[PDB]
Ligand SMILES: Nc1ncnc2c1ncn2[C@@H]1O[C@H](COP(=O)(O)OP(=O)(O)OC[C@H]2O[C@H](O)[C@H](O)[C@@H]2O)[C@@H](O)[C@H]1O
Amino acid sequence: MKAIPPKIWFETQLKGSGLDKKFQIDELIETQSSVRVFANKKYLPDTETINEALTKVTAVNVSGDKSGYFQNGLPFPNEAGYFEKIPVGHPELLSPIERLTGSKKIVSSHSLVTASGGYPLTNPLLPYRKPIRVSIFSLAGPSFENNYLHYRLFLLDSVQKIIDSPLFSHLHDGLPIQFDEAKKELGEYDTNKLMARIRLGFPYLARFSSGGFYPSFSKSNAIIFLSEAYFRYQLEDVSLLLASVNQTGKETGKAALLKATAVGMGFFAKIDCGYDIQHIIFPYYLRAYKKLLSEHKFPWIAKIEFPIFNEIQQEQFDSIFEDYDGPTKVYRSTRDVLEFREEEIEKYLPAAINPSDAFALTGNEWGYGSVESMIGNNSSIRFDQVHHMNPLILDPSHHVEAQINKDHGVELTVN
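For the form solved without the ligand, could you give the structure of just this one chain?
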């Protein structure tokens, strides 16, 4: 086929899916006006970087496969390596390093929501009989699926034995960045206050210099996870989110009931698309929330609800928050992200995280294939957070610049 101009491809998809007929034109001018882009100024320092991060992306980036569609309609090549070799300055697509820095934003909108559920097959699609309004916070987490994104920040192996970018120097300051030095500072213990070999149950996850990942019993090639850097990274991401939710509630005069959807896990937490590391990184995610909620007050966040379905994550959550006594109420549930009771909707600002792909249009796939595509079919977010339909997201009056101090307090400046 032939390339379609991107705005027309997008409108075609809306008309072929039925989504254009689901919200009326007075309701969507309101929702589109609520869009905000909270950008960490350390990584997105000016308007041109922010708009680049919002537009220089693919249309669909499939969760399981390496499949997808560009914004002009054409499929991804089946050349391997194509995305790892995108250069800084490419006309249409973000560089790997630009995908790391581009993920340090959050796009929010007070969008309409017509149903809850739909993903996966066991989660039945339940309509709200009158549509409600949820403040939906889209953010991309660390991804370990391939080896040119966050894998290059938090792991040391035989192949890439040294960490790279100065834009992320600070995450590693005071900690090793070379594989052989790390093997020796660990000694023959497996853990340390700052690093840890990865155990897959009992054996090690290790990587041959040829390039392959294999389970091993030998420390010799066992890869090392830079846990203190990953924790510091989560601290920057969570503190940006809490500041933006808090600010959103402040400006609406209600306190938020925040659904803290799990962001980094699932397919993003499988090294080499095979070796699951959820059980290792999930506690550091929760400790970031614990530290920030114990040290800061968020007068406009009433409760945070963690949808947690796995037993290990369940007990991890219970152990990490047994001791938590900070002022924001915190609990876990098995409730769908977009499901609120009607007493919750009167009382609070309903608020939910959209676990987003930084390298695809908000909404991503068009079926019920993921938590994001679910939100994308149950809400107006494709109308509210895609620059094709809502150019206000490129307008600098809708950007909020954010500064994260050394104490992890966040300063928000409008323009």
Second form
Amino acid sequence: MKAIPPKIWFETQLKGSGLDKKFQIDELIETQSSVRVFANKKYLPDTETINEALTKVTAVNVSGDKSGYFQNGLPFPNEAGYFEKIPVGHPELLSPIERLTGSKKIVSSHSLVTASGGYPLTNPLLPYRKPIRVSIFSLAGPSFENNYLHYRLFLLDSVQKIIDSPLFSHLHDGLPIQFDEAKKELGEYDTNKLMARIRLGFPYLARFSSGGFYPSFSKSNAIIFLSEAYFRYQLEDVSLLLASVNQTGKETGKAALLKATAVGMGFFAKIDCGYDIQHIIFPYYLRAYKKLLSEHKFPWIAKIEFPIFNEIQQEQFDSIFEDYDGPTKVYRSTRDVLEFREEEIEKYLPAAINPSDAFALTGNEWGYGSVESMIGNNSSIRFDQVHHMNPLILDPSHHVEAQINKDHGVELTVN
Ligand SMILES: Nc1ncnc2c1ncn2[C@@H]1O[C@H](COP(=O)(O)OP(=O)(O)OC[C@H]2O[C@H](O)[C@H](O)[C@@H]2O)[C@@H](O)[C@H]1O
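Please give the other form, namely the form solved in complex with the ligand, since only the form solved without the ligand has been shown so far.
Then the entire complex follows, led off by the chain already shown.
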């Protein structure tokens, strides 16, 4: 098996997919032109930092680095821990920490969309009579699929007994940092105002200092979830997103109908790939929207529709927003992220979150294996948001620097 050149490899998948044949050149000039990269200053300070996060990635990646392909087309090795051991400054690939910081960007494009649906298998693929254009905002939520990404920010266990993470210090300011000190501040109790133990149903989630999770009854090896750190992280992600979408609404003179996909609540929510913690983290994702929308004016966001299909999240959403009277209209649906009506497309900017991967090319899998891959097959995003096809994504002209204040207001600087 011979490594083929990355750009040629990509163009091959495009012809095998039939995506090369779905759009005309005149439109793709427009969609590719509309690409923007909203980067958080604190983590992506330079044009060099940004372009590295956009490019030093695998082509296809699932199961938290267990399976996939590099950009040259070759499969992932069989040595486990390979990607855990990628160092900062590797010639071609992001380290774990660079994957955490590289997550603090949003890549948008006003992309053509030819169908809605296709994932999951129960959600039928529906062609649009005429292709519409949706402003697709790619954001990589926290991943918990392995133990060396956002696990090391938000969980305390006796294997990595304390966090140890500069450049993310602010997330823990006031919060405990060591496991057994964390045990003792909680003492007799399971939750406090900054952290909580995890229970999927009735028993607790614990990790052997071997490595390996098991259901023990909150004894010495019960893991503790750093709730407040996670919420502070979400406020950064959601701040950036609302600002990005607002600024795009303004620049097009239309208010957005934003499809607020449940970023992070699917594959990324399964510790290892078995233990679903979605029911624990989703409230903080919603409260991030609640707090920011209550505290800031977004004249260019008409509505935010939350696609929510799970009974728990539906009741969680109704709880968290019962109280909410911010100006921006908020509501939940069971409508596919990419499905809009004609009336909605005429009145508003159609906007959607692409729940993406900070360590694979935009679109990721080429089947209908995820929300992103589904978007990857129903739109021009693989043309608009992949440097192999659209080098404008590496142009500093197309970058937007974002500063997030202590009030979480965001100042956007073109160049
Ligand atoms: N048709 C749909 N429309 C809108 N929302 C949906 C739909 N289907 C599911 N959801 C909701 O969207 C939520 C998350 O869907 P996921 O695809 O797992 O996104 P992630 O952020 O957890 O994982 C990102 C990784 O997975 C990809 O491979 C990336 O390349 C990354 O590798 C689901 O739980 C549903 O509630």
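Between two forms, the rigid core is the largest collection of C-alphas that superpose within 1.5 Å. Numbering follows the first chain given and starts at 1. Residues that one form lacks are left out of the comparison.
K.L.:
Considering only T49, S34, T55, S63, single out the residue whose C-alpha is displaced by at least 2 Å between these two forms after superposing the rigid core.
P.N.:
None of the others reach 2 Å, which leaves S63.
K.L.:
What is the magnitude, in angstrom, of the C-alpha shift at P120 between these two forms when the rigid core serves as the superposition reference?
P.N.:
Here the C-alpha difference is 1.2 Å.
K.L.:
So with the rigid core superposed, the C-alpha of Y348 shifts by how many Å between these two forms?
P.N.:
Comparing between these two forms after core fitting, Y348 shifts 0.2 Å at its C-alpha.
K.L.:
Relative to the superposed rigid core, which consecutive-residue segments of length 3 or more display CA displacements of 2 Å or more between these two forms?
P.N.:
Residues 62 to 65 form the single run that moves by 2 Å or more between these two forms.
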